[PDB]
Amino acid sequence: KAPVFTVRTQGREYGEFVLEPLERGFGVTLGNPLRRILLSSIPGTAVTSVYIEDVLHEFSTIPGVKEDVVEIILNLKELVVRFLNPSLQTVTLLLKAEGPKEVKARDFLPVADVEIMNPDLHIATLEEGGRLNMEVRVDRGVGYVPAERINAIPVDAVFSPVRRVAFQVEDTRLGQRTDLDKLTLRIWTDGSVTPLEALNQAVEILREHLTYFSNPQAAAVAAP
Amino acid sequence: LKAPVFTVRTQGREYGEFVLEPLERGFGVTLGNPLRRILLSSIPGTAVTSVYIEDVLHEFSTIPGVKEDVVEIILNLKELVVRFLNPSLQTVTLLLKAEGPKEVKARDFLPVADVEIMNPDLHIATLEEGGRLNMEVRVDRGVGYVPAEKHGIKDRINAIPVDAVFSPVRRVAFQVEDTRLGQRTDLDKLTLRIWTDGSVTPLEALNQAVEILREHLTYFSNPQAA
Amino acid sequence: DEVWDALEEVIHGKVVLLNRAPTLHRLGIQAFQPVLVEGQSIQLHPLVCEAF
Amino acid sequence: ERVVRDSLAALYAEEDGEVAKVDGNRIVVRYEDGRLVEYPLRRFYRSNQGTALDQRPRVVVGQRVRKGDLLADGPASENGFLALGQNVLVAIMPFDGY
Amino acid sequence: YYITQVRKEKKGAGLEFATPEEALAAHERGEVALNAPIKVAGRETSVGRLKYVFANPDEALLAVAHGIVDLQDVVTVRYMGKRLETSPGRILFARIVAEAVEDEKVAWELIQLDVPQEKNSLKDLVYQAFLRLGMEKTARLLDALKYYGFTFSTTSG
Amino acid sequence: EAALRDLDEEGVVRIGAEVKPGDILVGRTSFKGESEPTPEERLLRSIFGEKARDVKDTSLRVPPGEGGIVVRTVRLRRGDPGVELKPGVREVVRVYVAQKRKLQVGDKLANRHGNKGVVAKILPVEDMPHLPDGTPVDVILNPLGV
Amino acid sequence: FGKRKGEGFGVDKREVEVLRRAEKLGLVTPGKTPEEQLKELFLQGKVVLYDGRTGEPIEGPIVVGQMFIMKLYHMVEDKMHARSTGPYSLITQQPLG
Amino acid sequence: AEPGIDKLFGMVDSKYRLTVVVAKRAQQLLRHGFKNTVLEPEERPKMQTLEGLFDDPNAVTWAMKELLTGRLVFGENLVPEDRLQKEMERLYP
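Chains as they are written, first to last, in full-length UniProt numbering: chain A, 7 to 154, 161 to 236; chain S, 6 to 231; chain Z, 685 to 736; chain V, 585 to 682; chain D, 790 to 946; chain U, 731 to 876; chain H, 926 to 1022; chain E, 2 to 94.
It is possible that part of the hints are untrue.
[Unchecked claim] Covered, in the sense of this in silico footprint (three residues per stretch, anywhere, with C-beta under 8 Å from a C-beta of chain S), are these stretches of chain V:
#, segment
1, 605-613
2, 634-645
[What the hints assert, rightly or not] Some chain U residues close to chain H (C-beta under 7 Å, calculated; not the full set):
#, residue
3, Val-804
4, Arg-808
5, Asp-857
[To be verified] Anything over 12 Å on all C-beta distances counts as not near chain V; from chain S, calculated:
#, residue
6, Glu-73
7, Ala-153
8, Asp-183
9, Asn-212
If you're looking for bench data, these hints aren't it; they were derived computationally from the structure.
Ideal Cβ placement from N, Cα and C applies to all residues, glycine included.
My request is simple: use the sequences and hints to build the entire structure.
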């Protein structure tokens, strides 16, 4: 009696996936590993560094720019970048615009096979006389990497395109058995990778990792 | 470019240690735990499903010349581990005839083809002079814990249904230790330690557990509209 | 095993009263909709334990 | 120990001796005086409250008993010590509101 | 309570500094504890308050998931156009109430974010939820608080 | 005969039989309503070929929620040696049934220090908290009780 | 913990995490080896427990040990009752057992 | 719980009014076998069976769900009783 797997989706940002019925205990058995994978192992892009021309360090402030360096960094951590080319590793985007104009993420100079999923993302509000010149470093990686040239500032990088994963395993009954399992799995992503895609990738990572048990190399058992 | 080394250490059919390293940080748990779950629960096996004893009408009786009460007897047979060599064999009824001042063990069961008792020195009953013990012990294949109260139609009228714990797996532990590619100090060395009853090999158990997990991961393949 | 599927239909939408003695104030009797369960015990929500 | 002793739920060795016969329903012993005595065991007996009062023999055939030694455990006694329950592995923690 | 409560570490010993980077250095050397009262530049601020800045609540939570920091440790988080000094656990509780009542702003009005949640504060939250929002919504909030409370109380240790 | 299969000649149930609620422990018949059948019943008895009889079924069955494996039986009659009972009663039967109760949800456990409680959940061994050597704990006690 | 080393095993990364939180809580003296820290915890009667569902450790140590527990004559089997209809009293005409 | 209970409370000057109304309406739906419902087929309260979605057997759930739509009219002395009964029996036998 193979279980049904149901999918409910709103946009590319969010989805619910329900697997029922499962045998007793299996809701968690599937639920936990997938979640662990979904939060870390799923590949994506993140800003790992930022350099400002007039800024000596993260805690400084920029004349003619309302928001401090740290706030701008916070606006950079929400930047969603997609690499269309599988060979691409590191890409450096440049933004020079100093005008008294509202600045969005759309203003970054376009690069081949690099797509901005959120062009309307706000960075800073510049006024008359204000000047902003920046080079941001975008890299490919997995999970969350803390910040830990010369004036280039290290940035906490969120690689995981999956923003949040939460699962609930609830009791269910098929005929006689009242102890069966219903596994509900909710996934919030940034739109770079659809929830369904992230789920599939996680499952695949797990399977491939189960393949590693295939080729035994013996060793002796120790005794005192 | 690095595929994790899978190492195996084994002592007899009862216990084994199974290593996989290096793994990505956190994967020692990610792989380790759900296997342990499936091992302790879903691995098929064999256990005594029934007991007949001549001139014994029910579990609460007491046999003349025998020290043990029928309840202690079935409590003992609960500990009997039986290994089926032929995968097509779902049931065996062992026979044990005995008398005289004898201390009966599992070895005393009349031998059956492709059916091996992994603990023949297991104590069953202590008989004295005048004591006579004639048993038919039905052993079946199964999975998990099936209580006696769930029994169907029994073989005989004096048949005593016995609680059946099928899982061959006695214990599963796992250790996750830090390991190095030498640049990366944070990697995961996973080690699954498995004790079983001898009916099934720790490697066999581990393998079919991994298979259960894979076959479950399969279930995510065919979505439905909601 | 078809009967329980019918009982599930009987109690659908219905509620039962649970009461614990002594009934000191009115909340010592409350109405819940029953969820059929295996076992001989009544399962009670933790939050209502205080009132009861 | 002394609780089970004085409650006389269990059988003890009346005199130094050796045990001839042992099974579920009886224990027969011979003492130094050559006294042959058969102690019948009460088995699966319904008490007022419905609990089963059941004597389980702790001694095998051809064993040396000393006066004060336990022949058969009474109900709820393990080796002549009061057994009112089981010893189990407890973890003291909250678990999911159960 | 266990998840909304914040840590006080005495190893910092209230040492005042000038540059935040000095404080980070001293922290990395193993001198000053992660959460300690510390005066850097103009005002008093925690070490981890400077070290970790989060653009998202679920970024902070994602970090916690990776074992970067705990829910009790105190960090800097941007929530609803406001820079907050609250711990990940209080952010979590905030989202718990918010998702439960399905009104984020009103939930932000109901909660007391700067205190560890306990009997009376939770009681007050419930009453205020009964007033400001529906009766049934309040019931849902109750069930949510039950679930998460139990959940955390299990793994709290 | 489905209902009668476990009864011996006298009507008493057989020793060692497994009886659930509703199964007859002892058969008995007693004269119904002064030998007066209701006229509406009298015709339907004839439709089915004279099921009409002097006696009705007073037999002792197994009360709901009860039952187990039959262990002992004791039958005593008037007009037999050594046996005499209260005035008016011809005979008396006793069925001693045994059941071995495993621990279940709702049963009361207690330590000697006064901590008492009922089992509200039985967890599968994989769900249990365990030591690093893999051994699972038997019981989880709430610290708030201390 | 002693035979752990004899069998070729060290301390879990999870045990490290638990020990970090434990010295944060003040149950173990900072700077000492995990080998010894766990001994300190064990001396308090607390160990490191793993949650069987998640495979992750319970944050902070947990008291475990052998406790003697009794099963009591009160039993749910004897205590459950239900009625739709049944006998009524002769005189009072109220439901009767 | 139950959907829109606060609104049902809002529809009346006393809770017990709502109770009386819902109860009586349930009696109406039962006696006439639910054909007199003011609910459209897609608005019909459904129950999940092994076979599939079927009409919810519960009359009170129905009465409440109808009342929430505001299509029902309630109050004291709307009509005389017997006339109402005969009219309802004429419309829905």
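*Does the claim that S:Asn-212 lies outside the interface with chain V hold up, using a Cβ gap greater than 12 Å?*
holds, 30 Å
*Determine whether the non-interface label on S:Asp-183 survives the test: each CB of chain V must be over 12 Å from its CB.*
About 27 Å separates S:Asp-183 from the closest Cβ of chain V, which puts it past 12 Å; holds.
*Answer holds if the nearest beta-carbon of chain H is closer than 7 Å to that of U:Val-804; otherwise answer violated.*
violated, 23 Å
*If you look at each residue in the segment 605-613 of chain V, do at least three have a Cβ nearer than 8 Å to any Cβ of chain S?*
holds (count 5)
*Are three or more residues of the segment 634-645 of chain V within 8 Å, CB to CB, of chain S?*
holds (count 5)
*How about U:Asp-857: closest beta carbon in chain H under 7 Å, or not?*
holds, 5 Å
_Quick check on the hint: U:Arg-808 CB to chain H CB, less than 7 Å?_
violated, 29 Å
*Looking at S:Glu-73 again, its CB stays over 12 Å from all of chain V?*
violated, 7 Å
_Please check whether the beta-carbon of S:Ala-153 is more than 12 Å away from every beta-carbon in chain V._
It holds; S:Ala-153 is separated from chain V by about 17 Å at its closest Cβ, greater than 12 Å.
In terms of the numbered hints stated before, the structure departs from hints 3, 4 and 6, listed from lowest to highest.
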